[PDB]
Structure formats: C-alpha cells, structure tokens
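Visitor: Chain by chain, the residues:
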Amino acid sequence: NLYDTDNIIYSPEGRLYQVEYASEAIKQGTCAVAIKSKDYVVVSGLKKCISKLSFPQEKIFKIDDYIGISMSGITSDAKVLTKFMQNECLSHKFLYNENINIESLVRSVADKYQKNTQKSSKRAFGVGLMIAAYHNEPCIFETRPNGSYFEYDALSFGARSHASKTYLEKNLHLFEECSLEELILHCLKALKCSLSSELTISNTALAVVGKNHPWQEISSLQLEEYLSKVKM
Amino acid sequence: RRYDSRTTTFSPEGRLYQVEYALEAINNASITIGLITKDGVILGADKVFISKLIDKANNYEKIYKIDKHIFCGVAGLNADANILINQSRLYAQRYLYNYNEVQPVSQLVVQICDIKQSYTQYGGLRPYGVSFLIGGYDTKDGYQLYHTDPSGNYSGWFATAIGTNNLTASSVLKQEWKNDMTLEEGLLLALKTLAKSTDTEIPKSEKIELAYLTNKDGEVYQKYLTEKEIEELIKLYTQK
Amino acid sequence: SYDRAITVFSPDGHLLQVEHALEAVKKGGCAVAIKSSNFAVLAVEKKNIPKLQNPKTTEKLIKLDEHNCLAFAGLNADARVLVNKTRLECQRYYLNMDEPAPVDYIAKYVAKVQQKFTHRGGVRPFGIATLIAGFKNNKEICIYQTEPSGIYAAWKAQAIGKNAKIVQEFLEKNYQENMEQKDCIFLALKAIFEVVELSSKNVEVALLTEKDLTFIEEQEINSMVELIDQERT
Amino acid sequence: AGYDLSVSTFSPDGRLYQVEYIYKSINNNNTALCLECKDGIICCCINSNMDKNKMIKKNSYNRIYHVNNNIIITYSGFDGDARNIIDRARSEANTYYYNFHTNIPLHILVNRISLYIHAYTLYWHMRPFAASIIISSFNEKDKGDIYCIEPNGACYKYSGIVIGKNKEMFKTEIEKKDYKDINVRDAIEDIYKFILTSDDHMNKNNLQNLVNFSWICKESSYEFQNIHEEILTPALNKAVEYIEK
Amino acid sequence: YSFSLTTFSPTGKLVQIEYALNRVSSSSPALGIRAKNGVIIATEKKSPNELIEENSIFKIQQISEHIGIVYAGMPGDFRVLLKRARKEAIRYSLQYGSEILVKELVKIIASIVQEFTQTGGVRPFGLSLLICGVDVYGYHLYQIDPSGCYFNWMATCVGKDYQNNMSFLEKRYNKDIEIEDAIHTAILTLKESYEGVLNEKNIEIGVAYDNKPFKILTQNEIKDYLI
Amino acid sequence: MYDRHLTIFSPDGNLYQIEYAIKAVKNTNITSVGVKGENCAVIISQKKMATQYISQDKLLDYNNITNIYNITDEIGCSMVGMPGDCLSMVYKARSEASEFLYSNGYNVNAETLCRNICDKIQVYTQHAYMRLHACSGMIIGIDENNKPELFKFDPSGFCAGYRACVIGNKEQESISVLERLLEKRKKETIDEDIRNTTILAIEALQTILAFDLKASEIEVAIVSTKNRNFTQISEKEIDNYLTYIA
Amino acid sequence: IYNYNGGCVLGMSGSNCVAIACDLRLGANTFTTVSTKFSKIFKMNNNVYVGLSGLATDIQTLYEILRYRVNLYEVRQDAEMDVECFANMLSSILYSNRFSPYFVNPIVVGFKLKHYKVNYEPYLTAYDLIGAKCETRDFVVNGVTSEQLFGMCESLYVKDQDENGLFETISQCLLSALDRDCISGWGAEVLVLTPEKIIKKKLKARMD
Amino acid sequence: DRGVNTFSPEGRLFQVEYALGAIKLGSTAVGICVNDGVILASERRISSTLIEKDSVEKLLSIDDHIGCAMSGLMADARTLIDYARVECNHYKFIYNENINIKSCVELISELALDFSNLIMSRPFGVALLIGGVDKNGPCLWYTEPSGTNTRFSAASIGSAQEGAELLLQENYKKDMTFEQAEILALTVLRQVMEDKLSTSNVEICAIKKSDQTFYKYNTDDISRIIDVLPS
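Chains as they are written, first to last, in PDB author numbering: chain F, 4 to 199, 202 to 237; chain C, 3 to 242; chain D, 2 to 234; chain G, 6 to 250; chain B, 6 to 232; chain A, 8 to 194, 199 to 257; chain J, 4 to 119, 127 to 218; chain E, 9 to 126, 134 to 246.
The shape of chain F in the complex, shown without the other chains:
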C-alpha cells in the first residue's frame, strides 16, 4: 500500500514488495525450458517476435565453453549479467588455466543480485537466469531477483509455464537414462505445451551441451528434422 515506495522497507507481513515485482517481471517474460539426462543438458526457448517484419530476438546466449544460459525478463539486466559471467569465466581461465567451478560463478552472480537488492538508491534485476553447464556432471541452476539459487533436474521460466511444468513432472522419471534425441524431443514437447500457435524453425531456439559435446546451437536442418518428428 505504502511499503512499496522503496526496496529497503519491510511490510508488516515482512515482505519486500519491489523484489516480488521484479519476480513478476520475470513471470511476464517469454518462455524457456531446460532438461538434463545423465550426460547432456538441453536448453530451449521461444524467441519473441513482435511483428512479421521483426525477426526473432535472441533468447539463448553462450557464456563459455561447456557453459550457457537462457533468458526471461529485462534484457538489459541480462546483458549486464552475461558480460559479468563471461568476464569471470575468461578471467578464471586466464589466471589459472582451468575451467571455472560453475557453482562459484552462480554464487558470484547471486552476490551481485544481493548487493543491488540491499543498498538503497539501486534496483534488483528484473531477470532470472537458467544456467546450464557440464562441470564433470550435467547441471541446471536458477537465479531469482533476491539473492538465491537452486539446482534442478528440469525448469521453466515465465509465460505459460504451468503446462510445461505439468508435462515435466508427468515425465520426469524417463529423462534420466535416455538418449540425446529423445531428450531434445521431450524438450520440444514441453515448449509446444507452453505454446497452447505453432512451433517453427525461426521462432524457437535450441542448445545442447554435454560430455564431449561443447555448447553449440542446433542447425536449421537438424532443428527442422526434430520439429517434423514432433509433428509426426
């Protein structure tokens, strides 16, 4: 009512309204979905297209070899976070000649979330990141506008995420111990459930990373083949 003027004021219930509004900005963002099996973490997302003359926006981004993210929320904040993570991994590989520990990077970005939530005259980021990597194990992490992070078998962000989450928990048991092709297929079923109005090569993004498989977006021909397999 009057405890949402600033980000430094706890309500009588004891809630930061500004951080909740940043989470609301994440929830109104475009869709995304990630899945992992035993040796592969697949990421996909619906690229926003505001007009037929407009081209699809970039949804999936690459941070480092064997690490990548997906986006849902304010895009400039995602730009800042991407530059920070890219600089952190490249600096680590500079000074130490080894790949960075992924959860240390997740703690670093969560600290950057925290210091902006905490002090006044600054805002929390209106974005959540869907971090996927292979640091000797497939892994899926999450970030929120409050300083916080959790690890998932599968995840979805914004838009009609309820349909995707229902499909994922309906089929979570079969994700482990299946090949990469069926994994990509299941990720496409989850995104098609989020559509509710058709999936095409242009309007969807897809990325794969795993053991002996650096981060590489799927080509147009392979993505068209998988889309035709989903249609059949």
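Read the hints as simulated data drawn from the structure, not as lab findings. Be careful, since some hints might not be right.
Stated by the list, open to error - With a Cα cut of at most 25 Å, we get these calculated BS3-like pairs of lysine-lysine:
#	chain 1	residue 1	chain 2	residue 2
1	A	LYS55	B	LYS206
2	E	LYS110	F	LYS86
3	D	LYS52	C	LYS180
4	D	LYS52	C	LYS40
5	C	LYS58	B	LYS176
6	C	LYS225	J	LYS212
7	B	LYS41	C	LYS58
8	D	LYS140	C	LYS142
9	F	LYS82	E	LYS150
10	D	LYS57	C	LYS142
11	F	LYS168	G	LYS62
12	J	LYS127	C	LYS58
13	D	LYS140	E	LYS61
14	F	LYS173	G	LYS59
15	C	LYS49	B	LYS112
16	G	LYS29	F	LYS118
17	B	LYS217	J	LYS117
18	G	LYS29	F	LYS192
19	E	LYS211	D	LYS174
20	B	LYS112	C	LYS58
21	E	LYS61	D	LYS113
22	F	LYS51	E	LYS211
23	A	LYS193	G	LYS176
24	A	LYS154	B	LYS206
25	D	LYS117	F	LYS125
26	A	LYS99	B	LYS92
27	G	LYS29	A	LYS55
28	G	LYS148	A	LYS55
Use these hints to put chains C, D, G, B, A, J and E onto chain F, whose structure you have.
Guide: Then chains C, D, G, B, A, J and E, alone, in the frame of chain F:
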C-alpha cells in the same frame, strides 16, 4: 528522499519558491541606504534596537569593509552576511596575491553572486538570505554601488535603498538626489531618507550609522561616523 | 539533494522541469537576431529605473570571443555562469586547435551543457534561452539558437523571451536576404518594439562584423525610434 | 503512524518496528535447530516450504555452512543476506589468521558478526539483514558453545535453540528431556520424530530430500561433516515406524 | 542524501532556529556583566539532589588563560563547541604566538554555527554561548545564538525570564561599576530570577580580575559574597 | 510533519527522539546501581535478558548473560539498553581507551572516556542518518590521585559525575533510597569499607527492586586501591553477603 | 644558490628610533647584474617592516603570501597588527614548506606598542630559511654579506642613539660591508622609522 | 513521489514506460533493409521559413558505414549518437576492421540504462533506427529506452509509426531490388505525412553493399526518385 525540502527545484511558474521567501526575509529587515557622490560613496543604515545595554561604541553590525577600497551594507540575516563577508575578503586578497593590484568591485560582486547562485542551483542547500549594497572605487570605473540578492543577480545603482520601507526611501532618493553633489549634502539626504523610512520626523543619533569612502589625496580611505559626528549632522539637519 | 534526479519524466512523457525553465525564459526579457551577407544584428530590450539605476552595468548583450557573440533571455545569473563557461571553452578550443572557435561548435557546446545539467542529478536546468551569433570556420555568418532542453538550430532570424511568437510571426513576413546594415537595424528595431514600449532607453542594439562588435550610438537609435513612431502614426 | 517506515526512527513507545517486521519474516521462513550432545553437536535444517518444488535434486539445497572446518554456521531467513554474512565471517576469520596465525575464537566471531549486523540497523539507506544466524562448535575440553545472533544484534549462548516456523513446539519437545547426556548418534531418532510431529507439511517421502544434517563430534575428529545416508536412513526408518505405530 | 533540513518557510523566519531559541528560553539561565576593571559570567545550576557533585558538571569553562564562557541549552552541544573553540585558540596561538582575541574566536564560532544551520543532514545547535575575555583592547562580552550571529554587550542575561532579568539588570547597572558591585548585581539578578532560595553549590560564577587569569570562584568565596 | 521522526527540534524545543530512546532503555527493565566510598567503587546489575520478543528459555546458559563489561583492566562499565547498542558502545569505549593509551602513553581516565562517548552521542544526535544508541551506562575507575570515581551517561550525551546513581525504571523513586543509605553511612579500614560499600549496593538494589535477589540472578564488580583492577565477584561470596543482609 | 641574486639587509635600533637598510642589486648567473632598484625592504603595516634576502622569486612570493595574511588580519580584527604576531606567523609560513623551502633568509624590523599614552619599544629579529627565530635587541643582519655586517656593527654600534647618528652608523656599516662583497651592492636605501615620521634616503654608494 | 528506479506492481519501471510515452511523438521516419543495401528517411518536420533547414538534420552517421534516424527528445539523441561514434572509432583504433552494427546498438543500449546503478540520472527518452553494412551483410536495428533492441527488415518510428508499419507490412517483399526499396520508402513516407512530398520536405540516406559507405541523397537524387514515383 521522503524528508527532502525541494530547494533546487523550479516552481510551476519558474521562480524556485526559496529565493522568493529569502526576499521576503530581506524586506522585513532593517533598511539600508546607498548613494554615490562626487566626493564619495555612502552606505548609511538603521540599527534595529535590541537593548539599551548594547555597546554603542563600535559594534558596527550593518556596514562592513571588505578591503581599504570596498565596503558594503547588510540587509538581511547577519550570519549569512558574515560568512559571505569572509569569502569576499578572501577573494579580494586572493586577487591581490594573483595580480598584485586591487580587485575591481565588479569582479568581486560577480564572485559573490556566482557563489550565491551555486547553492541556488547545485546541491540541495538553502540560499543565503542576505542582500548587500557593495560599493567602492577603482581606476577603471571610479565610485560604484551595486545591489546583490540571493538569486545571484546584481545591478549598478547611482543611489538606492533596500529592506523594509524601501519604496518610501527610493521615492525620497528619486526626489532629492542630484548628479553632482557634495559629501555633506549626501549625508544630509541619507539622514532625510532614513528618517522618512523609519516614520520619524527627526532621526535618533543612537538609531543610525553612516560611512563614506573618498579617494582623498590619492589614497582611498573609509570613515565610520561616531555618535558625536552624527549628533552634529543631525543638528545641521534640524538647522536646514 | 546532492546527486539525485530532480528532473524526471511525467506520466505524459514530459520533463516538467524543462517546461518550467521555458516559463522562466518566457518571463525574461526579449531579444532578436538577424543576419545578412557577412554581418549580423543583435537586439535586446532594456529596463531601468530612471535617475537611480546605472545602464552601464547591464550585460544582456555581450561578446564571447574575437568573433562570437551571444544574447540571452531568462535568469541573468545562470546566463553569466554559462557565459563564463563558454568563454573558458572558447579559449580551451583555441589552445588545443590553434584556430578561433566557430559558431557551430559553441552552439553545440552550449546545447551539450544545457542537456548535461538537464540529464544529471543534483542540478536543475539552466533557465535561459540563448542565441549565439558568429562566423563559421569558412567565413560564413550563421546565427544559432538554443533552448533549455538542449535543442539547437540555425536560423536566418528568430526572437526569444516575452511575446517571442508574435515577434517571430512579424519577422516571417518582413525578413529579406542580403539587406543593408541600416535595413537590418531598422527591421530589428521594428521587430523588438512590436511587443515593447517605444523609447530609445528600452533597447541595446549592436552589429557584428569580422572586425568586431560595435554598439549603435544613442543618437541613431533615437532617430530610428522617432522614424518608426512617425511611420506607425 | 510513519514511525515504522525507516529503521532509523524510534517509535513514541521507544521501539523499532522495522526490526519486528524482520523478526516476523524470519519466524515464517524455513526453521533450523542446533543442539549439543556428549560426543558433539548435531544441527539440522528443515526446508519445509520447498515441498511444492518437485524438480529439485535430493538434498542439494543445504543451508548449513562452516568456517575453518571446525565451526558450524547456519541460518533461517533470506539466503542472500545470510550468504553475505557467511562471507563476512570467512573474511573476519581470514583477517584473524593473517594477523595472528591462529583460528579465531568463536565467542569473538559471534561478537564481530553481531556488530556487522547491528551496524546496518542505524542508517535509513542501508537495508537491515533478514536472517537469524546460529554459530556453534565443539571440542573435547571446553564442550559445545552454541550462540545465536539476531537482526537486533544480540548474541546469547545456548545449549540448544530452534528458530523459524513451528519453533514453539520444537522447543516444547527439546525441553522434554536433557540432551547433554544423550549421544550424538542416537539423537537423530529424536530429531526425526520431532520434525514429523511439529511440522504439518512433511511425511515419510519428504524426509530424505528436503531436510539437511551435519555434526561436529569425536567421530569426525571434531570437524565438520555432512552426514552420510547410511546413518540417516536407519534412524529415519525407525522414526517413521515409531510414528506409524 | 545530504540536503538542508533547515529551510526558508513562507515569510522565512528560520523555524528550526526559532525552535532553538525556544530551547534556550526554557533552559537554565546564564548572565554576564562587563565592569570598569573586569568581566563576569555567572549562571544558576538547578537545585541538585544530594547524589550530584558540582565538581564534575561545569557550565563555566575557560578556553584560554584570559577567556571564559557560559551557555544555556544542550550540554553536548556546549561540549563540542568548547572543544573546537579550544582548537581555534590553539591554532591561532600556534600561528601568531599570542592569546587569541575575543572577536576572532566569536567570529569563528559564529561561522561554525552558521555552517551547521546551512549544512545538509544536520540541525542547528540548541544553546546560546556567552563568551567573556580580556585582551589588549580592553574587556569584552559577547553572546552567540543558534542563528550564528554575535552581539556585543556590556551586561546581559539568557534563559528563562530573560526579559525581566534584562530589565532588572538595566535598572541596577552603571558603566563605571566596580567589579564587586557587578558581582552583587549578578547575585541579586539571579536571586530575583530563580524564585526560590540560593546557597553555595546552587550558583556558579566566573570572573577575570583585571589583566590576570580568568578565575572560577569556589563555593567558599561565593558563600563569602552571599553574606 | 516529520518534526519528531528524525533528530529535529519540535515547535516547543524538544528533540523527542531523545526521550524515545531513553524510554526504550527503560523498557528493557534491567536495573543497574553504582556507588563509591573511600578507595573503592562498586557496580551492580541484574543477570537477565532484556525485554523483547525472545524470552529466557531453559537451554540458555544464564552465566553468559551479563550487563557488566569492561573497557580496560582499571576501568569497568555497565551498559543498559538494547543488546547490540550496548555491545557497540563498549567496543567504542575500548577503542577510545586503547588509542588514548597509544597516543598519550598512559591509561585513560574514566571522566575523559565518558566525555568522549558523550561526544559520539552528540554526533549521533546532530546528524539524521545516525540513529540514536539506546544504551545508557555507568563507568567506574580510580584516577592518578588514588581516589574512586563514578560517572554516568544517557542517550542525550549528558555526562556527569556521581557518587551514587541508578539506571532503569523507578530511578526517581530510587534516588531517595541511595540518599538514605548514604546518609546512614555518613553517620574505616581499607578492607572493611569495601564490605560496607558492597552491602550498601546490594541492599540498595534489594530495596529498589523489592525481592530476594538470588545470587545467580545478579552480578557485582568493584575497583579499589587494594587491587585497582575490575574483578567481578563470585556467586558464593555474593550469597554470603546476602545472608549477612538477611 | 644564494650567490645567484646575492643580496644583503640590515637593521639597527636606538632611542625611540629604528633603522632598516638594504642593497638594491638583482643578480643573474652570479657575476652579472640586471637591475639597480630591486628593494629588499617592503612596507607591510604602519609600524612594521620586513627585509627579505635571497632568491628574488622567493622574495616576491613570500611578500605576496605575507601581504595576503596581514591584510586579512587587519580587515577581520579591524585594528593594527603587532610585530610579534607577524614574526610568529612568518616563522610558521617558512616552516610550512620545511621540505622544498623558500630560499630566503628574512628579517623583521618595527615598533612594539605598549598601551597604558603609549610607548614605542624597538623590536628586531632574524630568521633562517625555516624560521629559526632569535630575538637580538640590537643590530640584526642577514644575507650573503652577513659576516662583513657583523664585523662592522660591533665596532660601530653605540647602544641607544639619536636617529641622525643611527642613520650615519647603519649607512657606514652597510657601505663598508657591500664594498667588500662583489655580488652585493649597487646602491642602497636606508629607512629610519620613528613614531612621528619615517625618513627614506638613498646613499651615494659604489654602484659600479 | 517515487524514485527513478522504482518498479511498478506489474514489474515495469515507471520511468522507462514514461520514456516510451515520449517517443510516441516526434518526426516520422522509415527504414528498409534489402540485399543490395539499407535505406533510411524522415519526414523533415520543417519549422517556420526563417530556419535554414541545413542545421536541422535528422539523418546523422555513427561512422562511415552506419546511418541513423532519431525520434523523441533530440538533445538526448545527439548525446547517444556522440557516444556511439566515439565507441565505434575506439573499435576502429583498437581493431582495424569496421565495427558490426549489432555491437554498436548493444553499446547504445548499454548507455541508455546507465541511470540504473548496476553517471546519468534518468532514461534517455530516445528511439533510434540504426542501419549499416558489414561483412555479415546489410541490416537495420531498432532501439528504445527499455534497452531491448530488435532487428528488422523494415520499420518506422515517430508520430505516424503505426500506419507506416502497416503499409510496410502490406507492401514490403523479400528479394527486393534497391530501386524498389527507394520507391517503397517514399510511397510509405508520402502517405504518412501531413504536407505534400517535395525535395526539401524529405531527406534520405543509404549505404550500398558495394561501396560500404554512408551517402546522403542530395536534391537531385531526391527529385529523380520523386519523378519516377507512382501515384
């Protein structure tokens, strides 16, 4: 943020609302007079009566000297005056340090109005509630007299009066002032306009204070009138 | 406050402090500028108390550099501050380029400074509209205008201050190209006196050439105000 | 009446409401219990609110951290504010060892952490920390030393404490018997039974993928050790078998 | 974040400074007299409970060998002002190698009070200093206010019922008054002001006897004067 | 509007934040009494938790609770108020005492330390972004003349000397008690007068509080010329003193 | 470094009369002069004078710094400034650049006022390049030609003296000192201040 | 009432949305991207006849190979353009090659959100239609105060931007010739003016694929395009 006073922020009409209240504070203050004469420049004023136990000897609270060739009369809050007096003296001696000649009065009043304009614009600090009648001599322009205000505006005046009842004093100055006139005539006219502004037929010697600046003998000097000299001047005024 | 945003977008998408600076400008005294061929005329009004005020202390119309000149309308203290800033920048350009500052660079810098104070915390906009007159680097006369918002443009003739729309409407239907100096002074004196009381003491007009700025004497102004007073009646 | 909008403002009754709101937020967050025993101390955290999230891995979310591998530190509240306070505790321990070449005493560390938390409740611009912290250790000579720092900036020594949701019923079970004479290994039965009893959100299946554990006792040579599943699951099965009967 | 809490209202008047004068008017009174061959600062302290000792609390202090001071208002404000005034006298003596003039010290403390009125994120000082001293140019007595403005007096009073004390002191005062008569007028003025009964440890006096060090009278000397 | 939220003067000339902090100190309902004699100075306080949402639980080591701290070997203090504010205040006192020893080479005097803490409290009052420290307290010590000293300070920054004083609720009623016992004392060995002062302090706290004062629930400390160091007395010895009073 | 712009100053005392004197040379590269008017004496107050000897730029810079500080002091206090206060402030200024100092060895000459009528007490003192003050009560000398002046004054000083005899004494001492220094001379000026008046005179010296 | 960086209940920033309100008014401009190059144009909203119309220019050049078209608060726009060309020349110094247009718009968007501390004081209130050519190919880009930048085949900004997008949607087709693109741009621009199209009433720029160089069309080229313009 919630406790902000909205100081450096325009009005809907473009006035800032803060220099205006400062000027109403000026208009309630004791009156000060300004006159330029062929022999000198005069800054007579009116003491506010606090108590009879105030030290009559010295205690010149309205007129102050910035240098041997510059002196001004205060028409507002005394603390805001005195800090700016100190800044003025600092600027005068700084110019003399830099250039090895006396500072012209125009340069000096430009510096005071610039620093007053800064707090009006930069930051969130209140303006100085003081307006001066700065006067002095230089070889470039001779005897001059100015009128500064909290807005950082300044303007030259041959003769003017500020503070309470400044309308009546300025009317008397418009009626009585002449282009070429003697120092004694200027002093008598200063008593006349002070008496008219104070709503008194005969001015009281204890209630007023006078000063003048003349470039006599090629060496400028300031004089500050004592009680006996003001008594003689009031005797001449009653005779005239 | 110190280092916080005081000018901000309204719900309608307008920076209300900038329009308040525009009303502050509109309350300020009028000014006019004309150019033709290889010279320019600058006119500003004047207001003094008779027998008390000193007209010499007024600095409505000024000179910035060997060739550049400036006129303004609004708060005079802010004008003096920005004038000192522009003179400093003129001599800074002349020490780092060894050519005198052209009028286009100074107009761009004035617009940049006014946008800077409009787009930074802890400072309100400069409540003044200036219009700068000077010679371009190719020895071409061009007079520039500048608003508190940081908008600037090059005009053949334009006015500011009180009743600027009426004066600008008058100049649209009377301006000619490549006029004489007397013709330009006549046009400027007619234009400023459309919305100003008719007297010699209420204006301070001057003419800019490559040599230097020259202020018109009182006798010529008295003849001009008498002539247009005869023309109106 | 406006006195609860800033932490820097005292009420007419002389009381900071802005810290009380933080206390109410902490009380509604996930609960944590930390008590001592003969062999050592065992300390637990019950992540009841994440029962809805079914896609989280088994026991990945662990709120129990440590400093110097001989001091448990945990919390009940905001994760980020807590983690900032953990990193400050690491920094103070680092400064102490660089200065002195000795591990920091715990009683000094809690004091410095309380001053750090207290230092943010006297500025309007700084947000006070939303986290109640428990620090504890154990050694064979001086026995366990459990403390608890709060948002107010108060450190008190405890022989056992619970904070967060359901804390009144948890303590109502902890004063049911004296745990100074009960061993660390067989207290896991009691803790499992108490979390089943007090909390009205957990069942048999939630018990092995939401709740965290660790101890610092003689079996780990008085150093930090997250508990292996072969010790948890016997006592978990016996506890749910007792509760079913 | 730094902004002026003190600001001009409509008609100005500096409402925070007015509230500071209201603080001064309610605080325990102080006064001082300038004589032909000396200057006095005197003030009454409230009738203390038996646990207080007057040898710890002191409203009378000394800045230098010849300069004293008394206040009426908040004590912590007086403490920090006194310490900084000591620093000002010390730096002047370090530069020019002499005891500080009364006028220069009064100007500096007035400028500091004005700086605290003008500076953002602060409030004015809630007291009114009363500095007395002796130097080459005779005796002086000055009075600081929360506004940061100084007035030169020959005899003055501050605090509760200050108008009546001013009137009484005006009734009984001469320019050529001796120092002992000035002390007696101080005692009678504070006796009329208190509306009660006085004794040693209820009043405190400081005085500068000619070109000699500034002296604070003990309770024995005050008891001698009361008889 | 907002005349009393910040450290600002209200229309009557009353910084209301001062009395709000003072009554917040009173709401902690912990009493602390001090008293001095000849060559000794005794300080007493209660061994309880302050009044707030958390209550004293069974698994709370009551020995660790203490309202008496110390700044230096020769100087002790008893802070009463909010816990974090009291801890910050003793840390600031430790800082000023230790830098005083560093800069000036000799141990600080308690009067000077009280003035310094009063000046920091003035700095908190003067500025708005400083919240007041709701922590009053006592300081005791022995000066270079080998005589005792006792000083008190409030959140107003008013440092003043004493020979008997009380912090907390019923202070105005409690002033009569200290005056009565001091007058009774006025109507001695280096060790006997220590005993007299200690029984006077415990009897004063008994009469002020009006219940038995179990020795586990209180805490007593003293500086004297026999020791000159701030040593807090054990529970059994306090029990012996209480039985003497009974 | 003081051979570059060699100079000398001098000041004596007497019976209600005080004298100060200096050479008028300005040097460059030691052994070639460029001016015969560079006065080392600078009036600073109605009854205080200061004699600065050393590097010319440091002489001028110290003159403007002290003039700034002085005129500030009379304007704030609104009264005439004392010799001791100026001496202490000068010593503080010379010490304030203890490292990288002004290469100048100044002196101070003036009158001390003792109000009660008023009595004018003579005052003289000298400084190093840091401010090593030393009250002397008689003849004070400072510069490259200091040794010759010390030799002359003791033979020629007659304790308290009339102002005419003081002028003869100080003039002969300075002229005999400057003749024996190659890098110091080129005219002289002698200022003899008294409470009634000041006499400024220039000497027909060996200026060549 | 509230700060610059205060979220709304719906998660949108108030200042950003108000800045989006500001770009809704301004001079209309149109952009088209084709295989042979890129085209930009503006309605050239002329003031009274006393203005020169040379100083009032809407189509500036970030670099040799980049153009632009402004909308909204224009002084803020010139500040963004100045920073953009400074950073592009910084790239040209640090790296020999010409900067890609995507990186330029990313830097412009990075400056635009500088008011959020994560220096400036508020959003810039500017929408830009940037166009250029690089090794990847010809393209044009859109910028707005919210920081999101989207890449287009044809777009428009300013006052009559909605109708311009509708006509571009109806008329634009892929595999287009550059002359077809120019006449399409002038047809859309003419339909969305208030005043009749003429030579001084419009300005055009283009960056050819072969030249890879900025080139503003003069009066002769504009008149030549207008004469072959269908009606």
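Visitor: Going through the earlier hints one by one, which of them does the structure break, listed in rising order?
Guide: 1, 6, 8, 18, 22, 23
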